[PDB]
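My questions all concern the structure below.
A protein chain is absent from this complex, but the other protein chains hold their places.
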Amino acid sequence: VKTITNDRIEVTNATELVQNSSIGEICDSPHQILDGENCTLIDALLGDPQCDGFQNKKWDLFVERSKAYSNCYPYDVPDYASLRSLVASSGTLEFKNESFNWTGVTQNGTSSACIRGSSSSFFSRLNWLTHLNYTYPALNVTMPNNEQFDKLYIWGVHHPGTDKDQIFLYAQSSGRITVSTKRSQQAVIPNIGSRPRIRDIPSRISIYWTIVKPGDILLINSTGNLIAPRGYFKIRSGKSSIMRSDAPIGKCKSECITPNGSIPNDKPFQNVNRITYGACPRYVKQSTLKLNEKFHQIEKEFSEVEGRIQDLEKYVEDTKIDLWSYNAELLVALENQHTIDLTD
Amino acid sequence: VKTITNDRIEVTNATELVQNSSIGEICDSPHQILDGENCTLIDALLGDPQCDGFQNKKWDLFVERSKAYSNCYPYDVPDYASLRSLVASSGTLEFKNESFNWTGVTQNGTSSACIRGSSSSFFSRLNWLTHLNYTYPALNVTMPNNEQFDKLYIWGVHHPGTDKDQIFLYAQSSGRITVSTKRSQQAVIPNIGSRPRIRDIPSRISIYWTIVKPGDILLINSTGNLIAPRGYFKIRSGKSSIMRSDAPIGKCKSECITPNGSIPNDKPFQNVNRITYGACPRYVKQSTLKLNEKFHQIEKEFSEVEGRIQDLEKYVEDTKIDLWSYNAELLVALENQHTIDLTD
Amino acid sequence: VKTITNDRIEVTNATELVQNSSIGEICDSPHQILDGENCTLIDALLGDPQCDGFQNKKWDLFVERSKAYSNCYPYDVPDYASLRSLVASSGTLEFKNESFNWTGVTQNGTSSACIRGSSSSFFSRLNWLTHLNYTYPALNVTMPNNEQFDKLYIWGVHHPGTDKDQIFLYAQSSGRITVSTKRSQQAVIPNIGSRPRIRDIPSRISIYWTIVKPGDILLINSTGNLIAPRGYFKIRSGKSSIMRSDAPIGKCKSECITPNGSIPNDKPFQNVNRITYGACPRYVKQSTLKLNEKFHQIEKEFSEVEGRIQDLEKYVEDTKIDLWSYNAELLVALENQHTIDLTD
Amino acid sequence: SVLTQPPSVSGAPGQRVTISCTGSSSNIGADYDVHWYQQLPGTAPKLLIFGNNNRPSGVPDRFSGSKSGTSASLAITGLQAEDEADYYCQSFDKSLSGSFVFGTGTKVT
Amino acid sequence: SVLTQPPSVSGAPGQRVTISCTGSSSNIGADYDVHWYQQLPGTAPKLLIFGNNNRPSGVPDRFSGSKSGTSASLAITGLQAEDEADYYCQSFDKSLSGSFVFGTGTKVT
Amino acid sequence: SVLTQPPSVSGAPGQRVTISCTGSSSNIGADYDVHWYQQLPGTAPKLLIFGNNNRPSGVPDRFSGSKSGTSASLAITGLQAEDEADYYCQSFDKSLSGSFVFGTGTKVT
Amino acid sequence: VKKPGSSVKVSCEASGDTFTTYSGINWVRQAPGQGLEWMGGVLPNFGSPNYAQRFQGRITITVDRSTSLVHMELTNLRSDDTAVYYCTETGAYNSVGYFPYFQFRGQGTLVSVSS
Amino acid sequence: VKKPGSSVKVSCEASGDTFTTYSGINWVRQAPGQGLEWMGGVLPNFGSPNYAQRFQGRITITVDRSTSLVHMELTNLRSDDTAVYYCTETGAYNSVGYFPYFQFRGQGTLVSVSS
Partner (left out) sequence: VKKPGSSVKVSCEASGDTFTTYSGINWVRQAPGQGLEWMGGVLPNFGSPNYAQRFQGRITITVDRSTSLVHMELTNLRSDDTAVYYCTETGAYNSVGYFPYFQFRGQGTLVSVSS
């Protein structure tokens, strides 16, 4: 063993303070686990046809598989990570329908790129408003928040590939959307242009969200290219989070979930992975040392280069790791020394 | 007391190393305290009628009360936190008037939603330019920086609720603003639309700022919807900061200000609050341990969910707290042990 | 020397654990150093005429001098720091030409503000497309990625100073650019307006970048104001970084580069500078203590006030410094104590 | 639902000839434009006018159109030999479930 | 400040009749439009034309307006029985403190 | 390459007079506008019309222009004494390396 | 009938279907058998009332925001002030020499001055 | 010649130079010596087929995405159904009373019903 005074002291018995292996499965207990299968969190939020089983569900940890794929209308979400983290921290997909007026337009649009049964469909939580008898009047719709809790609204804008398509769907070539509340406003203008085809569709959809406080009112003023919401999600606070892992779900008990299965949380340090959920030991770089409950955290792996923000995140996590490794080393040394001293 | 070798050792005398209580008042000395009363920092910057007493004042700490409210034209500030932090770190509200030409338009617009005396008024530091005899010529105005210091300019854009209102104020329906310097440019286009009414006003105003270095020139090119500046603020660097607290201002002396009054700074650790100003003890989670001057810092409490950035900030502060708590514990243990050893 | 039990113990011999001086030169070995002279990294990336010697070069550390200046068309880069960090981390300026069609327009535009020989020129890696016989047809150009590596594309938008200039270059007054890939889209609209003149030019250029994954396709759809790319850069990952320093390049060996020359890396702590490259000792605030390989990192000095992000970066670095200073102090104390004890 | 149209018109070549399409309060009268189609005998109908004044590429400027109130008019500045075809007027009817309505047809001679 | 207008005009029904509003270098001549108002006897004045050619909803297309130089003209394609009202022309005068100027009025018969 | 123009035209003052500029499939016929320039004897040529109907400030509304097919026409509503100048028509030729083409010139009397 | 030297106050409602936040109210006078004349105007939510130079010193315009009304008072009446007074609302349209047009609401108010 | 009570299917290609993602296909009928009549239509990539009320119950419209075709079938044929059938593609233009115009592609298909 290692001590402050002597780097190599032989002792009769010793124990390992670093966990280096994993079970290989997620224990499914005591935390509530929701397996996403082929669905991502955003796809389950929007109402992808293959994710219809995730409606109104709740979770403590959301598991995203690398096999996940989208099978609906192509879309992109500005500030995707922020919305994903918000929904993951909320920890519920509970949905409540609201009766918006939407007078003078057609409702419940369907696309051939989104197949639910044998026919065309669309996102279950989104409403595609189009022309009615080749007319599209301006919409002035309101919805007040008379409840005691916050409301989350998900809406979208549609970007056609050509001007012909614009006219063919909205009967006019100039659309604009303004969604406002007493303390916020968001103005979005569609960008008509050609884009690479996904499932034969060159068009795209951009997703935006709005939060309404109790006593506030939501106002939507649009002239076209609007993907309306059908209701609101209840947004709360809790110990929920999201994790990317390909490990199978088992049937056991463990208070610490790692991407590589569940790990025992008896030892004070571990080196399996820096991504942890629940009551977990501290992560250190040391592979062997011889003698905390965080829930939602920051993202620690990135598949794309982004620059400043990602560099700062990496720097933060590196600093944490290095300081805790120093702490571990010093602690082990001190304890070994004091034990040697007290046994002589 | 606790030691490394023994967790429970009885000693004749011991002292407490953690401050757990507060006086309940802000000592007003030696730091310069500016009580905001019903006014926020941004409202005092813009020139709210109820904040006219804050003109040209200086501070070391700015105190914001939860009772603060706005009583002028509705407005929103993109990147509100950045501007608030900038003004708080500057530490002064000194204003110098400049003579911009503004030829061909009307000056000093007033609104019924902003009442100063018994008549309509507006922000004191902002100029509302409108039509002159129902004409609005294009503006090409310049202002050079011949001084040895930086200049800060605050300007705005006006978003009317309808096209009628647009015409009724600016005589034309297409406004655009471009504010540029030799190393920067900012283009803003108004978004006409209906919004929820605050003080019977559905329109809004967006606030932007520009910094001009010595030897540089400020150019403004506008065709409407411009809220012009009347001058510049002197922006400097110092130990100033801003704090949210409802504690009354007293008459005492203390080098450490917490949201909950001022606290004595004799002990090395404290647990009252993580938000501190001046020479303060380190914050730890331990409520009892038995035996640094930072000024402006990051925001540690949030009233709205924002996602990535707020998560990173929380993670940083959590890491700091946990590491300093470990340090405190280890230090106390070591000192106790060594003292026991040296007394035997 | 200092010990835990006694603050002042006299010993026969002692050593210094903090490096406080620098050689004053960059050793040029073993790391590959690229001296930028009068050129910045972005200027070398774009192809400034005075930076033509930096084409297709590679580096481990890029040195930026304060004497650097631009001598070409005025430009600005939104998210300048992100692009600079990306290129610095890539560590290479290798360029591969691609044959885009660009049919119906004029190619290879030149400006009097960018002089390469005795005649007008432009950026070497950018293509300025203009009218052909006073016509500008819409462009629908594609480029697939059939390789096994990512591609980096640099393009731009042109903002004229007046509408006359717009027409005089593009034959029409309404330009729009859309650059898209199967997983991304970027829409840019030029902002015509007057700006302060640099080298007699009031116009500006905004720079954007796009990354194409293997198996993906790049599509550009434009109607004017497009600064086309001539090819792609190979973007990789490595230990490369960028440093601002005015120290001369010498001929020696050192595994630690500081802005102030190279420093010996035998002692465990140093106080010369917080900015380090390679295997360097930890930075501490202590100037005297008596008895790690990071590569790319975050920016630790700022010339402009930005707010939230810069405050967070400063807070992170301050926390790191303070914790490592505490570690250093405690370590020195412990070692001194144990040595005193073992010698008696 | 159909739009009333004259059964036939005739005249010598070289002068203006007019055709009319009269509608109701649901079509043309409900802020809907009118399209004009041309069908030479033994051929599929072609497109002549849309938007009440727009001519596609490949149509001489001799053909003109106008709309007023709940009626529309088609005009030919100069009659020629090739103007032997039939003309139809098309609008949209908002009543009931909505449909596309065509005129009764006309014969120019 | 007032704008010169003919005292009265008259004519048989069924033909075009013209009214004129002449201005100065400060109104109409200073790049200002002209509005036309109608007042039937014993009733408040109504709005007929604005923007020199725009007709509000509820006004027949028989009324037309034009502006040239420092003068403006109002035209009625077909005189009818209900055209017994008076007509006024309005502009803006930029001189002095600025004001709204009206014509001297005209009587159609 | 030049654009064909009548050598000269003449007429009494007070009536409309027309000048024509005929082009080819490369100029005017290739979707190119026509400009009109005026040159009083003993003076540099001035600018009269651009964009086929636009008049610069300082030109009376008596001058009008039009373009149809591969031809263009200039019109003067009222001939006056000062209309003693020569007129040129300008277009762009896309053939070969491209150039600016002018008409042969005309004399008004 | 108002005695000479007295005051006359005409009230008007600054509300309606076409009234917006920045709409204005203008007063127009018409003598019996004569043309139209322009008097003061005000925007209830912006600026200060404007006045014609012929009526300076005798006319005042007040805005009552609680009842959403606007009143015009004329002091030191005279025999020539016998006329009918109209309220007008401002209209907006896109042009290049644009100036607001007047929308007459309701019938006028008859005021007669005699001894 | 089709027997009475049988079915007739007319196929059409939902592709071409002018065809876009959201273009539509409409069917038009013309009896010999009579005017034009409108039948059902469908957008191959959006919504559900529309039908005329005169043909309800007898007509069906199917979209074949593998071969990029659209078919219209008419069940329970009758003697009055002898006519020529045309495909039309929808055109777009900027207006205020805009409704799609019909672009006739190719020649019509002749269908005759007799016993």
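Going by the order they are written in, the chains are A, B, C, D, E, F, G and H; count residues from 1 in each one.
One rule holds in what follows: contacts are C-beta pairs under 8 Å (C-beta built on N, C-alpha and C of every residue); 3 or more make two chains touch, one makes a residue touch a chain.
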Out of C:56, C:97 or C:112, only one touches the absent chain, namely C:112
State which residues belonging to chain F touch the missing partner chain.
2, 31-33, 35, 37, 43-47, 50-51, 54, 88, 90-92, 96-97, 99-105
Just the residue numbers, please: which parts of chain C touch the chain that's not shown?
109-113, 120, 134, 160-165, 167-169, 171-173, 200-203
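Simple rule for what comes next: only the chains that are shown with their structure count from here on.
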With respect to inter-chain C-beta contacts, which pair, E-G or B-E, contains the greater number?
E-G
Interchain centroid distance [CA atoms averaged], chain A/chain C, Å
31
Identify all positions of chain E at which a residue touches two or more other chains, and write them in rising order.
92
So which stretches of chain A touch two or more other chains?
134, 312, 316, 319, 323
